[PDB]
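Below sits a lone chain in structure tokens, taken as the form solved without the named molecule.
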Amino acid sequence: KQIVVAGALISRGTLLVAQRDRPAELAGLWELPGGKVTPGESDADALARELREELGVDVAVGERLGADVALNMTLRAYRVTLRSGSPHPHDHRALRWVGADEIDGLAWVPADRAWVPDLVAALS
């Protein structure tokens, strides 16, 4: 199982979500950003690397958020917190900061939908 990590970045009381740009089936839909773990990397090292490339930030990787999602690979989310930088959509169509009440109305990528109740809880 190839592991894919995702980050739930909470800052000043809101969650960062990222709007995919590709492929066509996901372009326009929202996700927790991240990517594949390369063999030899820890989950923390992979997620920090992905978020530095995608968002231009240095984050600290914390506790898991929610459960694994079986894509077929397996997707796991972690809480992350900002160390330096301000996020910009280098690899996404857009970013947004959302509160608890916005989470269930967002047009999530299908895999991430499972985390809705966990994200609401984390913001509540």
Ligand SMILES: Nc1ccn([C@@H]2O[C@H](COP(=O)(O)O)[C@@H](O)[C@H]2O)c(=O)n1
Second form
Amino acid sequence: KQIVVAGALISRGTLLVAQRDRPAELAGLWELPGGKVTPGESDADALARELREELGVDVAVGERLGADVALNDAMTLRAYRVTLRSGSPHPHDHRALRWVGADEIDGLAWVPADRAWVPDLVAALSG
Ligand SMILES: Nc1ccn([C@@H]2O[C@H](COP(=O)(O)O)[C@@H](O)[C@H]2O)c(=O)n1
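Would you generate the structure of this protein in the form deposited with the named molecule bound, following the form solved without the named molecule above?
Every chain and every other molecule in the complex is listed next, the one we just looked at coming first.
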């Protein structure tokens, strides 16, 4: 399987979520930002690269957040906790970003794959 990595960036007690702009089926729906691992890259390399490109931030990649998600035949989607090293996130590829708290998680219009992590994200923001 091709691995797609995604980041749960928690800062000052809130989670960053990113509103996709493409393709039509997902445009307007919310995700943890990330992207495909390239051959030879570690998950950490890939996720840090994607978030630098997508958000303009330097992050440190930490523990897994939740379980793998079967995207399709070809792909598996993995989330990791990430934390900010430098920069402020801006939507270079996305329609919008938002900082959300625990009680906003389950009401967001998630992209279908990522919705699996809702309980994990609520827990990560709870307490
Ligand atoms: N949080 C994410 C990030 C990506 N993806 C999927 O991973 C693939 C590659 O991600 P990008 O489209 O963001 O490059 C896409 O097919 C997208 O549907 C996802 O389902 N959830």
